[PDB]
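Engineer: Work the whole structure out from these sequences, hints included.
Here is how the chains run, residue by residue.
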Amino acid sequence: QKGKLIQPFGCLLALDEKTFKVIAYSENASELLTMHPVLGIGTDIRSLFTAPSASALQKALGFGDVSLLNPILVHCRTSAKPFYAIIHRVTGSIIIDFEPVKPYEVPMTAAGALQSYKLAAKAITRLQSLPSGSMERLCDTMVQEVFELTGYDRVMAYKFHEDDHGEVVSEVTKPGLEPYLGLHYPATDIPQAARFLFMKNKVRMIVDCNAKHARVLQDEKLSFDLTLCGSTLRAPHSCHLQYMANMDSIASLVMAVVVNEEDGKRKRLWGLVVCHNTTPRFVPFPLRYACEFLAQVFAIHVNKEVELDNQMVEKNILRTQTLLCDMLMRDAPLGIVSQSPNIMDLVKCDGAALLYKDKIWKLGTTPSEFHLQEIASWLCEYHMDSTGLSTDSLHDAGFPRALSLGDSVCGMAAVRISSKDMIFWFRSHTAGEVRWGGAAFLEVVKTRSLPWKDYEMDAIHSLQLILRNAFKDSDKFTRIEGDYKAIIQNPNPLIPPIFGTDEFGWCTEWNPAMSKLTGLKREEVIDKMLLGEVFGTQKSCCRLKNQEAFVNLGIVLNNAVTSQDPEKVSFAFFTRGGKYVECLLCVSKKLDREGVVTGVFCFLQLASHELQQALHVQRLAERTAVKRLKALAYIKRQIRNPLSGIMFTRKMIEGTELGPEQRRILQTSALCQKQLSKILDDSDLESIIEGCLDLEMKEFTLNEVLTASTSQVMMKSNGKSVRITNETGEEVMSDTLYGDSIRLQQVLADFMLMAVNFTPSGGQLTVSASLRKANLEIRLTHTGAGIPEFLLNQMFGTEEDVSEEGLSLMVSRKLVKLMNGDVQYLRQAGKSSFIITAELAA
Amino acid sequence: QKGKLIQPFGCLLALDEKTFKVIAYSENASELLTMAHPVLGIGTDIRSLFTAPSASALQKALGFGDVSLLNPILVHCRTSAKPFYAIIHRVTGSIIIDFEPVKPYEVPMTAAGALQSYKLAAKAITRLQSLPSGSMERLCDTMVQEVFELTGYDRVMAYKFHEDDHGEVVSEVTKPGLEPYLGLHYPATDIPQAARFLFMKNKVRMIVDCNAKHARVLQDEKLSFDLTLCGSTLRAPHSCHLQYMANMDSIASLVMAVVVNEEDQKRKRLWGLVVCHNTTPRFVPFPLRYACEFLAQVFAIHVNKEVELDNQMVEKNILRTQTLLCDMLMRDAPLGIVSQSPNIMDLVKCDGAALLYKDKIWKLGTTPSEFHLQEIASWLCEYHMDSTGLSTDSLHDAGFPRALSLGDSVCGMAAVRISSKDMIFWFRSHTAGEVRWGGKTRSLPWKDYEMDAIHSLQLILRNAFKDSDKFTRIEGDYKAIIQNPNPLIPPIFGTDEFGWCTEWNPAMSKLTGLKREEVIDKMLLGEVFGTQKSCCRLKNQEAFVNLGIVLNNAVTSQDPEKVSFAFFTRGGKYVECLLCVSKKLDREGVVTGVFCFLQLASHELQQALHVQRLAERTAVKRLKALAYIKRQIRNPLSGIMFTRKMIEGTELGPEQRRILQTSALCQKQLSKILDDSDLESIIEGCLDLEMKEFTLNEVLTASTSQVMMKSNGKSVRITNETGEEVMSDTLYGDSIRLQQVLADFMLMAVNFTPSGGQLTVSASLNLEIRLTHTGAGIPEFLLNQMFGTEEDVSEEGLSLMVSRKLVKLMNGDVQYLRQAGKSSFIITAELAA
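If you're matching them up, the sequences are chains A and B in order.
Reading the first sequence from the start, the letters are residues 75 to 109, 120 to 348, 361 to 535, 556 to 590, 743 to 1041, 1051 to 1119 in the entry's author numbering.
Reading the second sequence from the start, the letters are residues 75 to 110, 120 to 347, 360 to 534, 562 to 590, 743 to 1039, 1052 to 1119 in the entry's author numbering.
Don't read these hints as lab results, they were simulated from the structure.
The reader is advised that the hints may include incorrect statements.
Stated by the list, open to error - With a cut-off of at most 16 Å between alpha-carbon atoms, the simulated EDC-like pairs for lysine to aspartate or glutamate come out as follows:
hint, chain 1, residue 1, chain 2, residue 2
1, A, 562, A, 795
2, B, 898, A, 1077
3, B, 904, A, 1018
4, B, 898, A, 954
5, A, 458, A, 477
Stated by the list, open to error - Which chain B residues face chain A? A few, computed with CB under 10 Å, are given here:
hint, residue
6, 202
7, 362
8, 389
9, 800
10, 826
11, 889
12, 891
13, 892
14, 904
15, 951
16, 1079
Stated by the list, open to error - Ranges of calculated distance between the beta carbons of each label pair, as one might list FRET restraints:
hint, chain 1, residue 1, chain 2, residue 2, range
17, B, 844, A, 212, 28 to 36 Å
18, A, 760, B, 956, 22 to 30 Å
19, B, 777, A, 409, 44 to 52 Å
20, B, 987, A, 424, 50 to 58 Å
21, A, 212, B, 956, 34 to 42 Å
22, B, 532, A, 898, 44 to 52 Å
23, A, 947, B, 953, 21 to 29 Å
24, B, 174, A, 771, 30 to 38 Å
25, A, 963, B, 863, 45 to 53 Å
26, B, 246, A, 345, 57 to 65 Å
27, A, 430, B, 956, 50 to 58 Å
Positions of the beta carbon are idealized from the N, C-alpha and C atoms, including for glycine.
Structural biologist: Next up, the structure:
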């Protein structure tokens, strides 16, 4: 922080807060500024520059927060050399850094901050337009935009893990360089001092490494040593220089990403965005400022997308709760595997087994009954005081016959239902490969399975509890997964609140979870009418807020009596003492064995507010989507009807004898109607955009296509008085082609109709076709300026969304791509040419 | 309320709260319950006239806490069978038990409690719940239709109370052959306030027969207080309802009550009644009455919801007026607003705009003559000295000397003075007003926020001119009710290109608590709006970054955008609103900063737009796919049109010409149906119809050509038997939509028909078209879908619903008639010949 060496592309001056006189100066500063006022201790600052520059600098030092006006434009007194001045406040002193102003780009008058921030107005918009839910897309977009703005050769999205070991997540380099994606790096490349330094100043630049750095002339009479930690000209340290030495890079630009995560707010370094170049380069301060702002935006976005993945766990927990509630109705024996929701959906796995009275059931990939007997015997004999176990890899646990099992089963999770009854879940082997570069060593994770999370064990234990209670009517788990001997622990049940009533309305079920959630003892509440006594506005144990809640509860119960499916509704009630519980009620029928309705069975689902709002938004979106789909189907039918009408009328007209030229005109109309029926037959363009398509195989000739297109277009062409000519040879005509004719006619007609529309009044258009032995090349040459550049760019498929005409162009290009061809646009003096390539069978 | 007379269809008993002995009774009880026994006298026990389980149930009910839960207690008499309901009420110092006979023709023990009783109305509640919001008349008509279907009474009416207690019939449903009173107002004296309070206390009242003889109640003389039968369901009318029934020609009555909770606990007001009248005596079981009482609660909830939605719509409208009141400071000179398209005609709802400025008169829309405007200004400057504005909806009543000569084209005038010579007029048009009572143009009166908007426009224009209070008396039949409208100018702050503050209007000073002098000449980011050492403290980093982003985007982009904003003021109050930004382009065309204003929005409205925007962001491709399809429609249509032209380009015969013209008719049909989607055409004003000459022969031929294909597919023959006299006659009206309607009607007739069936077409001229097809006929549930009874509609039924609504737009109805092997579709409409 006190290294007295600075880079030579700029100069530094350290002054006092009160005297405004130069104390610390650099050797190159005297040369650059005086290129006469001798730069030295006790010299003023105004005389080195002109009067307006001195006034601006003095006002800047007089400001409260100089960081808002950091890039200042100043002029040297002699020859008016432009310079960028940056002000920074060290304890008891002001440090100003001056850099030369190359032509480059200049903001309006003084750059300030907002104008500099304006330089990154496109990358911010592109980042804010991405659909949420995919961190990799965000990383790729940020890296690409940083590459575009900075212009450095290589851009990397180095990421920090919990053990501070790096992992590149993306990279975009110029062609002709070694990719670095996926290469892990050790924790000694970046010392913790570097991270601490980056936590303070977010952007660091090293313009060149093999350059002689000047020194400073810090005053001897100063009572404190100057700190160069905050200055942007501080010379790189040897340890940091070793990084570029091992990375064969010269110019570096490192931008920290700082997120704010709530205390378990505390700051955290999500990673870095590193830029490298093989040759030295320098960029103006506004570009660095804009890059820092863009990094702030990216940090905000990543912090937002972490919270969205924090909700998938809650959603899966709710789904498991629903499954557990559903499974409570089935009979204890064989009811575990009776219907579609078996114990495969309880925890993610590929094999399940239920040992009960020597009747081993199989549900998938699982060892033989012999091997299952052996593993059950081993678990019984070794782990006496273990109701349940979860082994990551059976080899590590110590199963003698784990070798004979093979690679099919690796992880195991077993529970003891009763003295002789047990349940097993098995997981197949997954191998992990980590490049682990910058070290390269290639570590192996041996034969291990995916870890068993907490809520999976919680669900398994809840299932065990349910089965034990059901069997009775008719707790420490050893987790040897980290090869750290026994880490036995106690899980928690995952039973949601439940209450059930008979047909009349008297309470009959009140489980301990509800007793804890409400605070009401079951003995206190049972044998009381559900509507009016347990839940009621006045004179009731649990006080509903309004009369609307009472009406809604009554409606929900009455509707649920009729319908078997469990409707999800909102619920809100006060507890015994002044607490407003807001949950999501689910009611289901209670059909008995014979099939007589006995009552209702209800359970709540406690959920955070964001999840409920997301569910509401999803419901609204699906309703809007179904309405739009119904409207589109209605329109399609109402257009299909007159389509059939005109088909039949054309058939009737063809029934009467007419001229051979009339016959040709009728045939051209027939091709037009077939094209119309085909385009109306398409369900939507989204399937075309996705890529899933089929092209029919049929015989055709070019005369039909050309005549259909000309008949389609020439009315509009003559609207602008446009001449159309055909130069295709008759030999190419006589040749017959094979493929999908309708797509070709529609695509070529659209392209050449756009050419007609772009044709100025009185222009000329020529159509030619060439057959090479087969390949067909189509040239459409129209007189005029042609399509503008932006529309030509919109024609390409790189853009996600374009104009309607641009969308038609993109769809035609995609169809040509599926037609193993290409589309080219050529501009010449007063001419524009479309070239279309196709490959078919002759 | 203390009347000792009861209706004869039930019986009454009274029990002491503690001793549980009978103290009052009725002769109907003597003739109905103990008939074949203990004497029904004072002090007689209760557990002797019923079976032991019945006595146990009665004892348990009496010992219960809240008896009003399990009211319809079915009880078996001591004699064999003879069921009876046992409704119970707790009155001061007694418990009153009413028995009503259970007729076994219906309801064989289908309800024994409140929860089971409420089940009978599940279908009605489901139908009411899923209706789209924003239409009171639809809710009322559905509600009364459901009442009619559930109860089966002859006449059902929704009777809405106004502020002056005088009622208005909003809807009504009756069996055919009955005189309607729809829309007829009634005096407030028909229903006394005592009846209103009684309805507020007892939600449902039933009078089975007005002519039935009432029976007395024998009560002990030893009690110190008389028994009150006000809460009992067995009470006799006190001649107040007898006269009402005689006047309305009714014999039986079932009258409910609608109670709505309105904010100042919130008060409860009787929004109206749902009255059922019958010409013959009728009896409904207690569960049906109990369910009809439950339906009223859902109806009241929905009515309150619709009222809140209307209030939010009003707030959105005033927000829009506030937004459009801006963009007039930017425009230079008074002529600038007149020249531009969003003119002063859009500031307030008017049919004519006039501006008098320096001997120049600028007029827009329906406006009087120049001499008329000059004489209006002369009158206003000659009779009104100190006024800054005038307002009236009837200029004739205003006292204009030549108001009658001005005609009915313009009636209401609102005028505001800008300078000593320049001033502004807003004029309205003719409105139709009819009021009925069961016992020169008037235009809608000017509201208050309209006056506020006009006053703020006056302030803006006078400020701009300088840079270069007023009485309404027509809302009532009075004179010179002076008012002082307040302005509607939103808070405004504006900065230059560097970021320093430049303009900070007083509204922002009031809202945020700061002052103009202490904030001016400071950077907008960091100094004013900042997380630290700032006047207005932002919440966290995200707000700062978002504000910077929106400022930069506003500078770069060209259109205003709305972004949520939230900050702490200097007094600790958390303000949340919407921020709108715009570029402050100079006359030359170079940006010189930004101009921003806040739109303080209500919490419900603000949160009703976040979810809307979030849902909008989900659908992107499908929104523009419709426009893409609409634009790409033209090319195949142009191709088919030009192919038709070339087909015409040679020699043709008579039949060939006819079939070509039929094809062309279908061609225009396809063109105009693909040109516009028309959405649902819910409003009759929308979907303007082309009206041109046509003949019926072409229409019929074009309609049957589209379906001959399917007819020959099933080998179904179609015959047209309309006479040549009707065919030769020419009508002036819409044709092609009639072609489509006829075509899809015969298409549906072909569907669901056996092969070899006969289809017959007839027309009578009022145009009536009858299409009779032989076979089994269309299934009933399809007709239920097409009539709108079933909310869920199939794709095939949607076309029939569209055709029915189109026929209704032609002021007609579609009729389905069923006979042995015959189904007849009758379409009726009118045109000009």
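Engineer: Next step is simple, just say for each hint if it's right about the structure.
Structural biologist: Comparing the hints with the structure gives:
Among the hinted pairs, residue 562 of chain A with residue 795 of chain A is inconsistent with the structure: their alpha-carbon atoms are about 60 Å apart, more than 16 Å. Restraint check: the Cα-Cα separation between residue 898 of chain B and residue 1077 of chain A comes to about 13 Å, which is no more than 16 Å; the hinted pair holds. A distance of roughly 15 Å separates the Cα atoms of residue 904 of chain B and residue 1018 of chain A; the hinted pair therefore holds under the 16 Å criterion. Distance restraint check for residue 898 of chain B and residue 954 of chain A: the Cα-Cα separation of roughly 12 Å lies within the 16 Å cut-off, and the hinted pair is therefore satisfied.
Of the supplied pair hints, the one linking residue 458 of chain A and residue 477 of chain A is violated, its CA atoms being roughly 23 Å apart against a limit of 16 Å. Because the closest C-beta pair between residue 202 of chain B and chain A is about 5 Å apart, less than 10 Å, the hint holds. With a cut of 10 Å, the hint placing residue 362 of chain B at the interface with chain A is violated, because the nearest CB-to-CB distance is about 14 Å. Given hint, residue 389 of chain B at the interface with chain A, holds; its Cβ is 8 Å from that chain's nearest Cβ, closer than 10 Å.
Below 10 Å, beta-carbon pairs count as interface contacts, and residue 800 of chain B has one with chain A at about 5 Å; its hint therefore holds. For residue 826 of chain B, the interface hint holds, the least distance from its beta-carbon to any beta-carbon of chain A being 5 Å, beneath 10 Å. With 10 Å as the threshold, the beta carbon of residue 889 of chain B comes within range of chain A, its nearest partner Cβ sitting at about 5 Å, so the hint holds. Taken as an interface hint, residue 891 of chain B checks out: its beta carbon lies about 8 Å from the nearest beta carbon of chain A, inside 10 Å.
Interface hint status for residue 892 of chain B: upheld, as the beta-carbon distance to the closest one in chain A is roughly 5 Å, under 10 Å. The restraint placing residue 904 of chain B at the interface with chain A holds, with a minimum CB-CB distance near 9 Å, inside the 10 Å limit. The interface hint given for residue 951 of chain B holds, since its Cβ lies 6 Å from the closest Cβ of chain A, which is under the 10 Å cut-off. Nearest Cβ of chain A to the Cβ of residue 1079 of chain B: about 9 Å, under the 10 Å cut. The hint holds.
At about 32 Å, the beta-carbon gap between residue 844 of chain B and residue 212 of chain A stays in the expected band of 28 to 36 Å. Restraint check, residue 760 of chain A to residue 956 of chain B: a C-beta distance of roughly 55 Å breaks the suggested window 22 to 30 Å. Under the hint 44 to 52 Å, the C-beta atoms of residue 777 of chain B and residue 409 of chain A, about 50 Å apart, fit the expected range. At roughly 56 Å, the beta carbons of residue 987 of chain B and residue 424 of chain A sit within the given window of 50 to 58 Å.
Between residue 212 of chain A and residue 956 of chain B the beta carbon distance is about 37 Å. The supplied range of 34 to 42 Å therefore holds. A beta carbon spacing of about 46 Å between residue 532 of chain B and residue 898 of chain A agrees with the range 44 to 52 Å that was offered as a hint. Here the CB-CB span from residue 947 of chain A to residue 953 of chain B is close to 23 Å, well matched to the stated 21 to 29 Å. A hinted range of 30 to 38 Å for the beta carbons of residue 174 of chain B and residue 771 of chain A is consistent with their spacing of about 31 Å.
For the pair residue 963 of chain A and residue 863 of chain B, the supplied restraint of 45 to 53 Å holds, since their beta-carbon distance comes to about 52 Å. Checked against the hint of 57 to 65 Å, the pair residue 246 of chain B and residue 345 of chain A passes, with Cβ atoms roughly 58 Å apart. The hinted window of 50 to 58 Å between residue 430 of chain A and residue 956 of chain B holds, with their beta carbons roughly 57 Å apart.
Checked against the numbered hints above, the structure violates hints 1, 5, 7, 18; every other hint is satisfied.
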